[PDB]
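Chain residues, written in single-letter form:
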Amino acid sequence: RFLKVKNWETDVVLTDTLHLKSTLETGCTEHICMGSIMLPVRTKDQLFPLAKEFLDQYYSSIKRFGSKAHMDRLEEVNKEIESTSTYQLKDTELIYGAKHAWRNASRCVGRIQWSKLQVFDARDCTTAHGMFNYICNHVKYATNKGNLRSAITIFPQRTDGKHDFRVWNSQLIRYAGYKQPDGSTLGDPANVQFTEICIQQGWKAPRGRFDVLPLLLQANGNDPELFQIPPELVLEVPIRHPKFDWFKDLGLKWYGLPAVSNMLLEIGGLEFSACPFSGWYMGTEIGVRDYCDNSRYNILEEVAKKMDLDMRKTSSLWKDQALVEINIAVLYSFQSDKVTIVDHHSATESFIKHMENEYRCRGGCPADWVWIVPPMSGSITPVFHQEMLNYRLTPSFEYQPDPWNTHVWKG
Amino acid sequence: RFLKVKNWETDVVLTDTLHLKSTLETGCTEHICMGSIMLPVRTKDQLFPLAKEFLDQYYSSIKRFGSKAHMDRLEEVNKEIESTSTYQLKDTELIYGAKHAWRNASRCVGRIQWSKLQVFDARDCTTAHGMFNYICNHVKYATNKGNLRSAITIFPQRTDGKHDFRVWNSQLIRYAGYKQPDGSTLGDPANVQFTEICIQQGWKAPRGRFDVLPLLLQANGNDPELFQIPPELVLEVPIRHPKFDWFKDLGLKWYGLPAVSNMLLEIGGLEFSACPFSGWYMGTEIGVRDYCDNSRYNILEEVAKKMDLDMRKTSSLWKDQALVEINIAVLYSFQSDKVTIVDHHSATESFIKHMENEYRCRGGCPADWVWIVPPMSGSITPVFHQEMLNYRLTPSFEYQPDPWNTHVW
Ligand code: HEM
Ligand code: HEM
Ligand SMILES: Cc1cc(N)nc2cc(-c3cccc(CN)c3)ccc12
Ligand SMILES: Cc1cc(N)nc2cc(-c3cccc(CN)c3)ccc12
Ligand SMILES: C[C@H](O)[C@H](O)[C@H]1CNc2nc(N)[nH]c(=O)c2N1
Ligand SMILES: C[C@H](O)[C@H](O)[C@H]1CNc2nc(N)[nH]c(=O)c2N1
Ligand SMILES: [Zn+2]
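These protein sequences, in sequence, are chains B and A. Mind the numbering: the first sequence is residues 299 to 338, 348 to 718 in the entry's author numbering, read in order. Mind the numbering: the second sequence is residues 299 to 338, 348 to 716 in the entry's author numbering, read in order.
In case anyone wonders, no lab produced these hints; they're calculated from the structure. From the three backbone atoms N, C-alpha and C, an ideal C-beta is built for every residue, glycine too.
Pairwise CB distance ranges, derived in the manner of DEER restraints:
1) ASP489/A / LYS319/B: 45 to 53 Å
2) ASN664/B / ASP309/A: 34 to 42 Å
3) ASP617/A / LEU337/B: 37 to 45 Å
4) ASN664/A / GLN507/B: 40 to 48 Å
5) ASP615/A / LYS397/B: 57 to 65 Å
6) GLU705/B / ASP552/A: 54 to 62 Å
7) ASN664/A / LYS620/B: 19 to 27 Å
8) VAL310/A / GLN507/B: 22 to 30 Å
Here are the simulated DSS-like cross-link-like pairs (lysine-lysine), alpha carbons at most 27 Å apart as the crow flies:
9) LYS359/B / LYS406/B
10) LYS660/B / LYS620/A
11) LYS375/B / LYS386/B
12) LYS645/A / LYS620/B
13) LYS620/A / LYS550/B
Construct all of the structure, not just a fragment, from the sequences and the given hints.
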């Protein structure tokens with residue numbers, strides 16, 4: 299069965315046959331759309356079908372479907388599952404898996420780059436210290452002195468769920484958030500809960516507005532451990548504005564490497580609960596959400612005041628004005644420092660091309676409009692007028708609960 | 299299955315039970331979300356359950372559920388259907404139905420005003436001339452000298468689909484769009500085809516940029532007829548900037564009255580194919596969309612030019628910067644001329660409050676995040692961080708094929 303999408307700006311129509319390869323669920327029914335809901348111990352019984360399905364895909368990609376290489380591998384994985392109740396991925400399989408997880412990530416506007424992922428196999432890792440080492444090397448390789456490279460580091464898969472590897476940080480690099488007694492927050496309000504855990508685990512907090520958080524790392528289901536990323540490895544960019552000289556004086560800076568570390572990579576039924584991945588920022592991620600969200604740094608007012616804007620009535624659109632300037636600054640700062648960044652116009656344009664290419668050579672592209680459209684200036688980017696189909700494919704990146712809610716403490 | 303929705307900016311959690319009443323379908327499945335798809348004659352037997360459902364909710368709303376009055380009406384409507392193969396709404400049911408179609412319009416951010424709708428019963432209308440009269444009265448009432456008032460005018464219901472009443476215009480008031488020989492487009496590009504149908508029907512185009520289109524009204528499924536709205540009933544706002552003097556020299560204005568006229572209102576199974584309805588603009592509808600969309604006025608570049616912005620790279624965000632100025636101007640102009648308008652911050656804030664109210668007194672509120680989020684400055688408006696459930700309630704407004712595709716000419 300065919301399914302069609304239309305770009306209402308360009309009248310381009312595309313046909314999705316790939317959605318038929320969709321196994322998982324969306325959360326939607328024929329009577330309800332959960333399209334804007336943020337978030338809507349595995350046995351051998353259901354594992355070999357998930358395995359066979361991955362392997363069939365894999366050997367399809369390398370044009371070896373039904374080959375003896377394919378059949379032997381199936382057999383090999385089978386016997387390993389019925390015997391060991393799990394199985395191991397070959398290096399080739401793991402690399403394929405990681406890339407396609409990204410390719411399948413329907414909420415990711417940056418997926419034009421998916422084929423060029425640097426996959427670091429950390430499956431031999433056994434301790435937090437070993438995790439720390441793998442992560443430093445990720446950060447150094449990915450950062451590349453400001454010339455960012457996509458990378459992911461994959462730690463051992465979950466086994467009985469009692470011996471999980473986890474990076475407790477939501478991102479490898481993020482700034483601390485401190486709740487002051489007076490209710491105000493110093494630092495990043497997003498990170499207050501995690502900051503408190505760190506401090507409790509014995510982190511000595513400098514208590515500044517831009518303190519890089521320590522890595523909190525859990526190996527083999529053991530209590531997590533604190534590590535300080537070496538500062539020379541953390542590339543940061545002071546934020547200034549090209550026309551507004553007082554902007555530097557707001558004292559803002561941001562780190563260069565977006566590296567997400569709390570999601571779960573699923574490949575052929577295997578769950579990799581620690582799998583930090585990194586790319587480079589779209590400017591609005593910092594300038595709109597990080598700085599201007601009401602529940603974050605919320606410097607909109609500060610910027611608006613220094614712009615001497617009419618902050619009395621909202622109909623002056625002073626919020627809108629300040630927001631644009633702040634995003635102008637983020638881009639400007641990053642570009643001046645030769646630190647890789649992409650603006651939301653370039654990135655949405657790229658994604659549209661990616662998406663078309665994907666419909667043509669893959670039969671579709673899962674995409675979550677709610678998430679793909681930029682958090683500012685939506686309709687003047689080309690994805691706003693673009694119809695999209697959302698559906699779940701595997702391999703995939705999944706959400707998982709914060710470890711401090713599920714972890715059994717050793718002591 | 300008594301679903302929850304979280305606001306991630308406030309942690310407010312609302313419990314939706316209203317969705318379980320939903321009748322129609324979303325277009326989604328467990329395997330695919332179609333939440334970003336623009337667009338996913349009844350028998351004797353289809354019609355009566357539809358009627359009963361409507362009447363049940365009507366008599367529940369007036370706290371006379373299961374009453375003599377209720378049962379009588381149910382009986383009365385039932386009999387009228389069995390014999391006449393349709394039925395007629397009581398005035399009181401007509402008003403309720405209309406008000407609730409707007410209430411249930413999941414894509415509408417302006418629904419906090421839903422119960423203050425002025426309903427105009429035009430079910431006695433028989434001709435296009437009559438339609439023109441009803442529509443002129445609607446426009447004059449709704450406009451109210453700049454102090455806009457919500458209204459709907461309801462023309463006779465469908466019968467056998469051969470005698471449909473239809474307003475061929477998408478909106479009562481819209482600027483013409485002309486295809487220049489050199490290639491591009493003069494006026495309003497969205498209105499290019501309709502502008503031609505009008506000419507192709509005998510309209511004499513002034514071929515200016517802001518030519519108010521004529522009405523093309525169709526009564527009882529006859530050939531449609533051209534009528535010109537008296538210019539004095541069409542309130543327009545000249546667009547100037549509070550800061551930039553050169554702005555007025557762009558020569559821009561917009562009309563005050565948004566009045567959508569191509570949708571179908573469904574109540575208790577009956578189909579009102581002609582039901583123009585109107586309120587007042589959210590600023591972005593004009594400034595973000597009507598002015599700056601590529602397939603529209605696309606004046607962005609021109610504005611940015613006069614602003615002397617670096618239009619060389621996208622990363623200067625000149626489009627964004629200009630976009631914001633244009634929208635400051637629209638609001639400034641409308642407010643200056645005392646023509647009702649709401650900014651996208653105010654309206655979204657109102658909608659959250661409306662959501663609050665609906666979960667509290669109704670148990671929920673169907674909403675389409677994709678359309679409720681304003682086309683600019685999304686995440687700094689409160690609806691962005693607001694989870695919303697989308698489902699189809701009735702009575703409702705629905706899309707319908709453009710008449711020229713259908714009409715037996
Ligand atoms: C290299 C340039 C990249 C850019 C510019 C980019 C951009 C983005 C943006 C803007 C979002 C929306 C998140 C938000 O706004 O809060 C997103 C989501 C996401 N990205 Fe990408 N990304 C890039 C690379 C990657 C890589 C390398 C991976 C993994 C290998 C990845 C995986 C994901 C996933 C899984 C999500 C959504 C998570 C979910 O489903 O909730 N991205 N990306
Ligand atoms: C009074 C002030 C009102 C405001 C500010 C308002 C605002 C809006 C906006 C911004 C949209 C998005 C459409 C677009 O962006 O092109 C919309 C859609 C819509 N409006 Fe409202 N509106 C108002 C009154 C009304 C009234 C009086 C009705 C009918 C009685 C109505 C019915 C609808 C419907 C049915 C849709 C979407 C149709 C669909 O579901 O596809 N609105 N409105
Ligand atoms: C790799 C990469 C690059 C980039 N530029 N942005 C990203 C954003 C996410 C993300 C996913 C879900 C929720 C959130 C909320 N902070 C962020 C994941 C990976 C990303
Ligand atoms: C009454 C009212 C006031 C207002 N301010 N905006 C409105 C927008 C629509 C609308 C609905 C679907 C599609 C489109 C695209 N032309 C527009 C309908 C009624 C409206
Ligand atoms: C493709 C997409 O669904 C389409 O452009 C929609 C998206 N959201 C919208 N939202 C509003 N308010 N108005 C619109 O016309 C649209 N267009
Ligand atoms: C409630 C809503 O689903 C939530 O705020 C989503 C909406 N769309 C988003 N889109 C992006 N890119 N990033 C986000 O964090 C969100 N948040
Ligand atoms: Zn859906």
